[PDB]
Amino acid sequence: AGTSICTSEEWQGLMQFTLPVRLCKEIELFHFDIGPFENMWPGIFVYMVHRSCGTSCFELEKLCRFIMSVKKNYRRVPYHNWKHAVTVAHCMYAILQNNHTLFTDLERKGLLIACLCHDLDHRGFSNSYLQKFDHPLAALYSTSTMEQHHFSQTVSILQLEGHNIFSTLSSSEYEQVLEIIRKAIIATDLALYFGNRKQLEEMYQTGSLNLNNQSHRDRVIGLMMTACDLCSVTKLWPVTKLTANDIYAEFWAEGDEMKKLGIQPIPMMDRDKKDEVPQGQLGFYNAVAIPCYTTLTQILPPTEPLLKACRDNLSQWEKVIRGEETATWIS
């Protein structure tokens, strides 16, 4: 219950944090893995906001409070956690750097913040679960249930004393940025991805795609969100595989709860069906990941490394299916 708030020690600590000089170069690359640098994660986000938006885009005090409170409102779940938030924000940073002038100042600050906040207060349960068992959230939010909650959580944090990083915007720009953030967070509902990608592919293939058209912009931004949300499939194989272990820990825990409620889970969520995982991944790459990064690369050519990496990981899953895997380590 209630919104969690960082301590003075936490935000003042972040204010005084300095990134190691060696990481500056690394952070620009799509394949960068934040994994080995946990103590630096909030600082990495500050650095990214500063590089993309400028050191004077936000009041530093308010920015540091906001970041550390956002961290405090991610739960200790295996996958939809603070690490995932920063990973998604980093992918967006790399996309924005490679495509900087396609996006307005307002959009860049809105999108980096949207990515950091996009899974706020996730409980480790899918929209499917919440609706099946009529959680209060499914009553409140009929579609895109968790995503509407994550937006609500974002607004609650902005409303904490001294946390409104957007207050200095004009009343019109303020409204615009909250709308950018809302649409971006809602777009992370994979249910909406399938139609969005199909629409974009059509607009691209016919040549009607126009980034001066607000609805087109919204859709491109939506696909960017999907691309950043799924970006664990664009890392080096060992990183991708370790992350898959984490998401399946959530899935299996949800399936366990379904069994308690008298219903057999989908196989993906059944910890007694781990043999089906590699084929399940193949399905996910073929149905979601590969088409996403394919269309994104068509629209934003500099994002091609994401697609190349995704393809490499699909090949690795195929190797697993054929029984060609080598030694793997788990945490």
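Shifts are known only where both forms have a C-alpha. In this text, the rigid core denotes the largest set of C-alpha atoms whose superposition between the two forms falls within 1.5 Å. Positions refer to the first chain, counted from 1. Compared with the form deposited in another entry:
- Among the residues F37, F30, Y47, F284, the single one whose Cα moves by at least 2 Å between these two forms, once the core is superposed, is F37.
- Residues present in both forms were considered; between these two forms, the rigid-core fit shows Cα displacements of 2 Å or more across three or more consecutive positions at 14-22, 35-39.
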Second form
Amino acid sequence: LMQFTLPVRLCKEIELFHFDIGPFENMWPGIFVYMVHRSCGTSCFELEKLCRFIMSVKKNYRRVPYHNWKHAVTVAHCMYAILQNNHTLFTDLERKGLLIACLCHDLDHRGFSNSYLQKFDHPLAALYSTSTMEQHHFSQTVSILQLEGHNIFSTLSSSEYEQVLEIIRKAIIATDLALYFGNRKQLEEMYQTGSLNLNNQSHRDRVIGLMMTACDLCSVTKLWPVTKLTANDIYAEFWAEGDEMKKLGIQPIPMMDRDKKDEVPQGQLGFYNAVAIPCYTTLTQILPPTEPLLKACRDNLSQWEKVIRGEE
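One more: the block was the form deposited in one PDB entry; return the form deposited in another entry.
Coming up is the bare chain, nothing alongside it.
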């Protein structure tokens, strides 16, 4: 049968946490299939169905600066690196579901936060009062799964199918960063007091939720030029949202105000200290082989400190 292969530099570097998928969009589908085949097997999905699904997912990501098809595939690769480094901790269904979840987790993102949809009074904010965009992302995933020829899970039983769609629903909802703070605290406390138990389903749910946050934030784990250039795309979205907040007659939060451009280096420090470093610290305690993500995050925090000292 038909293995996907990659050129040698990609074949070796795709295994590393800090891999950058590159600027050649037409190679991203192959990179993803390559990752499914090695983390899941050539038997997991019917190739023709998997390809149809991938191409429909791509079409349902928008041309926005950050929450785009490149972000989706980036987040899936960080998940591939976690899965491949913790071979024996994950079930066959988890292997199947989580790469799909990561590819789907921002489907049909418009470049605006849950908070902007609520203030604008977008219809999605009436349909979904909390985690607004994330319930939408999961809803788009089920839509694409039900297009003809797109059921990549057709070989699973009724109960296995329901289990995988539950793994995907929870992984996608967990990417709402408002939910992350509490999840990480519960995980920290369970780890410290020795109650953490990976046979407990609700414990696994929290661990998978944290892996989702880690994958979603993985721009902070890259080589510094990747980190720094991704930050430009992140603020390009945030600042457009700030502009829209000002059109509604509302002072945006600092993060989203382009007039506070100068404070970016200090905003990045708060972000690394409040979100990123604690995310990868807890992840590393639970899954020791994920330590390269924490080491790379720490390295990028030093680079933001250098930008503030005027050395970078």
